[PDB]
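Next comes just one chain, in structure tokens: the form deposited in one PDB entry.
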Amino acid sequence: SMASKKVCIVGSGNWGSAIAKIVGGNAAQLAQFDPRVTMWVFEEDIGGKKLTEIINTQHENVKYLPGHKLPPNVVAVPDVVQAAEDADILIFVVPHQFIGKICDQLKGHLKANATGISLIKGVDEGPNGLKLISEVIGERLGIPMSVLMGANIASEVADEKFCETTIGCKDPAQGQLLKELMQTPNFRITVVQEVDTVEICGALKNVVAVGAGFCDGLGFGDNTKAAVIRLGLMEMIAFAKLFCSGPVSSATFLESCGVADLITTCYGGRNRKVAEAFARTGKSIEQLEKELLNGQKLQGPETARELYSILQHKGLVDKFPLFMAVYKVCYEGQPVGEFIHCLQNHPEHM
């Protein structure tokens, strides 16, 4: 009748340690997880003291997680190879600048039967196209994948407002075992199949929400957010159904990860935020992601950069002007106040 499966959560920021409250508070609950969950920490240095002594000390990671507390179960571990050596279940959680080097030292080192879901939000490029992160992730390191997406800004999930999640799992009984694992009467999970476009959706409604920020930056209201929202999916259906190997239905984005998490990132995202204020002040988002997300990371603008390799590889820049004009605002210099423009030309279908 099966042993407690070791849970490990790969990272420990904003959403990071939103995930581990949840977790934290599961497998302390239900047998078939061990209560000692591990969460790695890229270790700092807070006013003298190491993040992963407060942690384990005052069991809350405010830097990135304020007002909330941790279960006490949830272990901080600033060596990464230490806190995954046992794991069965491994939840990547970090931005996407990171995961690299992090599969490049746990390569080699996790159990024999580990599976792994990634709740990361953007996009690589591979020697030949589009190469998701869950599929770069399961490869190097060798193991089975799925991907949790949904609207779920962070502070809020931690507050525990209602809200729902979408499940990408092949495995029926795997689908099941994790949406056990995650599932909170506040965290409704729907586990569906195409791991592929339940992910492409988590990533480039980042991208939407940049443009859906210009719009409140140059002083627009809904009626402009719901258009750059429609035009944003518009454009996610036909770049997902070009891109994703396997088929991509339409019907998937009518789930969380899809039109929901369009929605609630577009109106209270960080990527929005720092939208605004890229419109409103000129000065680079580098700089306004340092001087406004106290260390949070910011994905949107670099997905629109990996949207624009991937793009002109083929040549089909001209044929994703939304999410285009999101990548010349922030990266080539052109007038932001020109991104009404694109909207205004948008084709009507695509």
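By rigid core we mean the largest C-alpha set that fits within 1.5 Å across both forms. Numbering follows the first chain given and starts at 1. Compared with the form deposited in another entry:
In the core-superposed comparison between the two forms, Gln312 has its Cα shifted by at least 2 Å. Put the two forms on the same core and the Cα of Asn271 is off by 2 Å or more between the two forms.
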Second form
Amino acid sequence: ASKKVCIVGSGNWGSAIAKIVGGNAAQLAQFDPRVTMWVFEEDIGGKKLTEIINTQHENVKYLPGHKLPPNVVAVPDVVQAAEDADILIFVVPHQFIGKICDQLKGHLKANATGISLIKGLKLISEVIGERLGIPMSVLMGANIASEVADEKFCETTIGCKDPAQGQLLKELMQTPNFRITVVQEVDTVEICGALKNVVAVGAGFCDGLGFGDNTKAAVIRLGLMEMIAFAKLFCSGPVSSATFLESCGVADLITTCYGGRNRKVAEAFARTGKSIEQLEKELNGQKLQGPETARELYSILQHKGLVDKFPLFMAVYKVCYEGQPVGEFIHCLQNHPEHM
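Right, the form deposited in one PDB entry is done; let's see the coordinates for the form deposited in another entry.
The following holds one chain only.
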């Protein structure tokens, strides 16, 4: 009764995660060696991507140059991929998860579990757990696919309520260069991923206004406190300050505020006066996560009269959407709740 794994997704992250999962699923006796990977079919040079993956063991489109363990089987039909699976690993861009869940509903093993790697503010893991009826875990941290594929050292956090399922997901994904901490707070692990991008816009505003590292450190820390307080006020699950010390909190926050794309655009916006829109295009055209999340935060907070409790988050919103001069951003932190 070794557990069967299906990787629902085969993009950049899915393919890199497949390198690890395939290896661990072969080596460890608690897992079935046959790992299916749902691959949305595509024509590459008049050839089928699933076919290329099953003959060359390389995702020539989304992770070229890397070999996948040969026990990882591309399957183009998502129902066929997942139907005998004990563990599903959801790793697709957020815009497709709905349709995927609408094709899988009613078709999963009765005992199937899920972990979401997908990073009105409802948690994507809840969208999946509700539509499919499976317990959901999450996998979040300061990490990127290219580096994980290159075995460059980094960590991630796993949020999973059940201890035995947590231990199993760790076994499945942990390597010497991809280190895992399991915690029981799914909602907390998961919400960090959206909030951190609001803070990084503020961090970039700090850079673009010409301030130094000690000011930027203050902006990030206050951002973190606002992330914790907001998660305690919004999330159903239990929420502890100590969970934000995991990779999903402080590490992802700092890697984003110091080297993120949201930060680069934010900086350029403050130094130049060019709009957020123009800078996204000039620096491919993919929109910024932070600003839209801040708008969504404003709606939630404004509807409960707490806009005042979150000056960083709200200052990000007002500069991005209500014409507040970016040069006021620091002023907005001079009477912060943390210092009352």
